[PDB]
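Asks: Assemble the whole structure, with the sequences as input and the hints as a guide.
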Amino acid sequence: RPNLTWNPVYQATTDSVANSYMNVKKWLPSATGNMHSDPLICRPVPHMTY
Amino acid sequence: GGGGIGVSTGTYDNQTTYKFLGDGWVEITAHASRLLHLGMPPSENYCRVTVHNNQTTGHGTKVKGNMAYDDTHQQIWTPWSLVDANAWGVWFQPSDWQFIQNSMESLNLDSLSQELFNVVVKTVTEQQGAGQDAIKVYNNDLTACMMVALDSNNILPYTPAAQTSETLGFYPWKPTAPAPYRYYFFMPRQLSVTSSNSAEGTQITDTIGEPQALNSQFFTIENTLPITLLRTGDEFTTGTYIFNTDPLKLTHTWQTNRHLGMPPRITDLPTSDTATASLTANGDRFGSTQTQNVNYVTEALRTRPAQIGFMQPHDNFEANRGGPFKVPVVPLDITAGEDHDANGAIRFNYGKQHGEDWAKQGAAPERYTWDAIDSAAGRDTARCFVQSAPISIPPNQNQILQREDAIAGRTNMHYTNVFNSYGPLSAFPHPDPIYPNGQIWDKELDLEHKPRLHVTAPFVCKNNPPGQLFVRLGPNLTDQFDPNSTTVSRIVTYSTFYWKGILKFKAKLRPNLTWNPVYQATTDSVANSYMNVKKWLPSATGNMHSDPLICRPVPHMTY
Amino acid sequence: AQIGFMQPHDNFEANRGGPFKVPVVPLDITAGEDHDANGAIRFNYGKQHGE
Amino acid sequence: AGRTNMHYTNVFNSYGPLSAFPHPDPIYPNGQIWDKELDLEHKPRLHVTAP
Amino acid sequence: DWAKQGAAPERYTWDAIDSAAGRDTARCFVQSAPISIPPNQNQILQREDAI
Amino acid sequence: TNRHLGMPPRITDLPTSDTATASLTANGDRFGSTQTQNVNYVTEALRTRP
Amino acid sequence: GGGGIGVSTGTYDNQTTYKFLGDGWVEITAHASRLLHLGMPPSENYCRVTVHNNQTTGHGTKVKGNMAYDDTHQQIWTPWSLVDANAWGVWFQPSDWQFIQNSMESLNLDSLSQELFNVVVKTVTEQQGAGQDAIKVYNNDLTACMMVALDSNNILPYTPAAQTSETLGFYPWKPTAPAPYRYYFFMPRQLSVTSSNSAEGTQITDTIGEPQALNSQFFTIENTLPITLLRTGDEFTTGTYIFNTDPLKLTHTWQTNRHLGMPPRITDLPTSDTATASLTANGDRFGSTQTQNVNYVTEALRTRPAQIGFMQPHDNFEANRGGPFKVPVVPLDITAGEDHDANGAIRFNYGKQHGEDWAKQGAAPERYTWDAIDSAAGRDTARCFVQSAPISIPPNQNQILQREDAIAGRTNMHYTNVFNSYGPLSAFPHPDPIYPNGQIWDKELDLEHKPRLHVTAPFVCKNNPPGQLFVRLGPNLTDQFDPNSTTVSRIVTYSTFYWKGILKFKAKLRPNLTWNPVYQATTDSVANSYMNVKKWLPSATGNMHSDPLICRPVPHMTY
Ligand SMILES: CC(=O)N[C@@H]1[C@@H](O)[C@H](O[C@H]2O[C@H](CO)[C@H](O)[C@H](O[C@]3(C(=O)O)C[C@H](O)[C@@H](NC(C)=O)[C@H]([C@H](O)[C@H](O)CO)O3)[C@H]2O)[C@@H](CO)O[C@H]1O
Ligand SMILES: CC(=O)N[C@@H]1[C@@H](O)[C@H](O[C@H]2O[C@H](CO)[C@H](O)[C@H](O[C@]3(C(=O)O)C[C@H](O)[C@@H](NC(C)=O)[C@H]([C@H](O)[C@H](O)CO)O3)[C@H]2O)[C@@H](CO)O[C@H]1O
Ligand SMILES: CC(=O)N[C@@H]1[C@@H](O)[C@H](O[C@H]2O[C@H](CO)[C@H](O)[C@H](O[C@]3(C(=O)O)C[C@H](O)[C@@H](NC(C)=O)[C@H]([C@H](O)[C@H](O)CO)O3)[C@H]2O)[C@@H](CO)O[C@H]1O
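Residue numbers (full-length UniProt numbering), protein chains in the order written: chain Y, 544 to 593; chain S, 35 to 593; chain F, 340 to 390; chain E, 442 to 492; chain B, 391 to 441; chain G, 290 to 339; chain A, 35 to 593.
One thing to keep in mind: the hints can contain errors.
To be verified - From the derived model, a few chain F residues whose C-beta atoms are all more than 10 angstroms from chain S:
no., residue
1, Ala-340
2, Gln-341
3, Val-363
4, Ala-370
5, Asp-375
6, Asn-383
To be verified - To spell it out: a stretch of chain S is covered by chain F in this simulated footprint if at least three of its residues, at any positions, have a beta carbon under 8 angstroms from a beta carbon of chain F; those stretches are:
no., region
7, 308-322
8, 362-374
9, 404-413
10, 418-431
11, 452-460
For the record, the hints were derived by calculation from the structure and aren't laboratory data.
Here a beta-carbon is modelled for each residue, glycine too, at the ideal position from N, C-alpha and C.
Replies: See below:
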């Protein structure tokens, strides 16, 4: 993608905030090995239409 | 050498040349030159300005039913200005338009080249005089520079000035000015839908939101475009853009679904010139219909190849995260019912530089409504009707949906307002060009899938539109400058520069194959006539006005 | 996607040339025998064409 | 609109970007074979009279 | 989630990331031409209007 | 959206304070194009969009 | 020919181009252009100025225990100014930084080129007006000249302005100014070490010394550098410097000594997701330790290959012939104890041109503390402890040196303050770059033996750094000039010139080999969030602020 905007752009990122849809814990294996893959965001960068 | 402060850096040329090539092909090269006045930007800072009309009185949005008066939005104000010349009037004398409309059958864009020359930057100083009437002295800042930028890759938001009537002037002998460049910035916007009859307690929700990262884009001319500094003896050239577009028909249609295919056979020829003719009994007549409950064929029930034109929802004020908006309507024939909104008539407001009578005093702008010249795809809402199948002719009050029929108990609401007949059989003409207050070319929308046509311009660049030309005056700093201070004392400075553009068109002479004489755009001397030549003649005081001219005067057979 | 589509019935639109039955894409009358809703084509012919 | 025999179906158009329909069937022997296209800058997807 | 016990399947609703082509039905409205601003209860088709 | 297409309306003057809004030219005196003729004013909502 | 007063002598270019070469290599060419305002030097004489704060009150050095407030020093003031652009913000939009941080894994300097163009020298004259409000008239001195010098051989003292926040502005649309060049001159300096609790009679020794030949060096730009006189139609070019430096990692580490090597084998897998696991009895566990008094192996006693990070003396105010100075500390992780000083956190104070909210009123500068993004080499002083050999676990109050233990009877003094664990096994990460208030490159110290790294910049030229650019306005003498007189009547004169620089970088795209999603630098719309996009968006009044952005967001395996 090209970068031509002064303002920083929104990017898909994980966090450590508790009960956060993006808590890395979700994409990490459990102690028993249980794994889950919740849907990830797409098209995070905006583009000018006109 | 070539560069010099005392030498001119360009040539004023404003003439439309016609080169007839052959087989009826015409190369129309339109030269346009204008003098531009640029001043210092009130601020040298990019600004995120918010406009919000929450007034609880007048045309505010806290007034029940003023939803349409919504002018709320956020925009990035830029110290840069824009030299936009995308309007038919900036490229052709009224006569040129007439010749093309009356003699040519097709017109397509070819190439565009633009040049900035003869830059003059001047400083204003005030000398003290008697009566305390300080005189203003204008001096030449030979070393001063004007910043010029061209966005060829079209990275910055496209802003056609024609819509705001902020394009260059339509009169080559009058000075002009560029338009301050500005672009919308996403801002959450929600406005409740109410009515003048809504309960007094009804609370209207007029709310604006804080910037959202997912949709926040801030661009600066400096961090995106290469900027050329222009001094008195400097010139700018934009090269030669090539237009890749679809040709525009200079002819109108007239054939409705009732004029498609072999007409019904008359029994016998009319007896007298004042006599009508008779067809075979509908029951005995041969033909094809799509209604089976009936055992007869009538011109109205006859199956036609397709649908010329289509019904369009009226005042469909849709609403997104950006507030309510009038859904655009394909410009078609208002018909004999003069149903402008039903057919998308375009009413535009303009100023003296764009054809308002210079004599006209008062701020009130000139307002003209453009009705499509087309006479084939229009819809007369008052005559349109829907019947119940199995078709029963004649029907009863409960077997037909006439327009007067109220919808949802709203007396003035009719199915026509919410009826969309667009389908795979809908066939309509393309928007007519509007000299001289009409945008010529337009940028396509970067959506994976796009609209069939744009209601604002007859031409849509099929790839990348001509680059926007940006101009600004640099801060003329004084002796006192604190880089850590917001305030920036600056020398009053203005600049004048000449702009020249060359727009080329590929047109083709129209064929003449009709016995009857054809309708042509002509002027007259009849008093109070929209075409009284006096209108396009200079006044005694020199006042000039250019009222819109007709287009597509010659009809062409549709089927 | 959508196989087929609903089509306005007896949309008699009107221009400068008078009223006209809007054509309907010929589709399946279905088990409801909805001919007009699906644009059934009824044609009238003479001896030279199969009468 | 209080019309007993009028139903939303009569004024309902579901044509959209997802609508997919077959093309008109030829009708031996009383059927037009070829047809002329309409000289409109933009044209219909198909003609109901000819395949 | 492998831990999630019970037959009940995992259910997720995907909302389009797009923020430009959506339609807020509650805010959408249709007015009568000739347009009269501000309109009266009989000059505007608000959503709450029953059909 | 359609409300973010084309050159925005010209603000009369820049906002005075960071907490201040801006004013446009009177809709009656404002220049522009609409598809509604029963009205003699141009409003961002009534503005003709491509 | 090419030279002319009316012709421009350069092009404004401020865009970051990204050229993807292959195998993931990226050529990042950063163009930066700024308008500079230069004024007449208050004096045209080089001056040996002495600063000495001997006040017996307030923040003076005759106050017991104000040793740290020492600002005493001698400097050679020069009529010359310096065009320094050694700061990350002067070369990249906030977005550019984010893209590089989130997508690239390495970054190295390549080449640097600088150009001075469009020189404009103007004179200020005052005309008498009513109300005795003399107006200031600004005229063009076409024949005036601006003196430019480049010290490529680096003979003059190196002065990175970034440290004084005196580099060029970080906003390309705002005018900027160079920084007055000045360099320290050796001056004997001795200050006694006292405490707020010292005896009232305690006499503090605050003494300064006379210049010492053994250490006296006076340099003048004129007698050391070739000077280029620049007139309105003149241009300066510094050529293309080539950077010979070591690449910078754009990734952080997380592995401490407790995360090095094969982990201990769990007896059995955890039973429930909420259950922990058990290892083999430390007595029966296999492994290697460096403590023999114990017959067991514990993760903490396990022998590790080396030492990730190291303890550093706190506030080691060492003292030479130049007075006391805070010994620098390798920037590391403040850890969960937030031990900033123990880990060398960098707190910097800057002004509007460098990211202070333009709205912020008051002289008070913006103050930000930079904590190293690293999470592996930090030291939590509160948790650190030293035990006595033969190791006795658990130890007694006399067998362990906990932090709270006072040293030399000073209650708040702890061994940690005087403990240095740097050794042959110490392994630490290199200083993180700090957009946008961070020095990029730095000069190496001409000592026969040099430091492993510099705490001020991520890049150290391994040979000779880019030459410093010096600019000054020549004395505009009047009619009255006495060469034998010290006083020099001069015409008020100021100059404005455009600076353009091209900095090129060799970067490499990061690899993705982890199942879990990776942490990326992102903005949000959450209210009062350090990353609320509103911060990097222009205000309604145009106020702009650039708060520091995170770096090295992606982690990399250390061992
Ligand atoms: C006569 C009738 O049955 N109804 C008219 C109706 O036509 C009229 O609408 C327009 O026509 C009048 C005719 O005088 C007038 O033109 C109106 O307003 C102006 C305008 O918008 O300012 C007057 C301007 O002078 C004119 N422009 C020029 C330079 O001639 C424009 C322009 O011609 C018009 O916008 C084209 O559509 O029209 C028109 O709105 C309305 C007026 O309320 O009602 C009856 O008078
Ligand atoms: C809070 C409010 O105003 N209204 C909520 C409404 O949002 C909620 O709908 C969803 O949100 C809740 C929030 O806890 C919950 O997520 C609901 O149901 C589940 C589901 O469908 O099973 C729970 C799942 O755990 C979740 N998936 C995972 C793995 O996290 C899914 C999924 O997030 C969701 O389908 C995405 O749309 O949601 C959601 O339906 C409804 C619930 O009745 O009403 C209020 O609680
Ligand atoms: C909350 C707690 O346990 N202790 C806080 C402690 O964090 C705080 O130190 C800093 O954090 C506060 C939080 O509001 C504030 O940021 C302090 O001072 C400022 C400053 O130095 O001027 C305020 C500025 O607005 C800010 N910069 C900007 C533009 O946001 C800077 C900057 O964020 C900071 O220097 C980064 O380290 O901080 C901080 O010093 C102290 C304050 O005494 O004690 C508790 O409040």
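Asks: A separate judgement is required for each hint: does it hold in the structure or not?
Replies: The hints, checked one at a time:
Non-interface call for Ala-340(F) relative to chain S: holds, since the shortest CB-CB distance, roughly 14 angstroms, exceeds 10 angstroms. Even its closest Cβ contact with chain S, about 13 angstroms, leaves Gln-341(F) beyond 10 angstroms, as expected for a residue assigned away from the interface. Residue placement check: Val-363(F) does not keep its beta carbon more than 10 angstroms from all beta carbons of chain S (closest about 6 angstroms). Interface exclusion of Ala-370(F) from chain S stands, the closest Cβ pair being 16 angstroms apart, more than 10 angstroms.
Remark: the non-interface label on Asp-375(F) conflicts with the geometry, its nearest Cβ contact in chain S lying 4 angstroms away (cut-off 10 angstroms). The beta carbon of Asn-383(F) is not kept farther than 10 angstroms from every beta carbon of chain S, the shortest such distance being approximately 5 angstroms. Against chain F, the region 308-322 of chain S contributes 4 residues with a C-beta closer than 8 angstroms to a partner C-beta. That satisfies the three-residue criterion, and the hint holds. With a threshold of 8 angstroms between beta carbons, the proposed coverage of the region 362-374 of chain S by chain F holds, since 3 of its residues qualify and at least three are required.
Proximity of the region 404-413 of chain S to chain F, defined as three or more residues with a beta carbon under 8 angstroms from a beta carbon of that chain, is established by the 5 residues found. With a cut-off of 8 angstroms between beta carbons, the region 418-431 of chain S has 8 residues touching chain F; three or more are needed, and the interface restraint holds. Only residues whose beta carbon comes within less than 8 angstroms of a beta carbon in chain F count, and the region 452-460 of chain S has 5; three or more means the coverage holds.
In summary, the numbered hints that this structure violates are 3, 5, 6.
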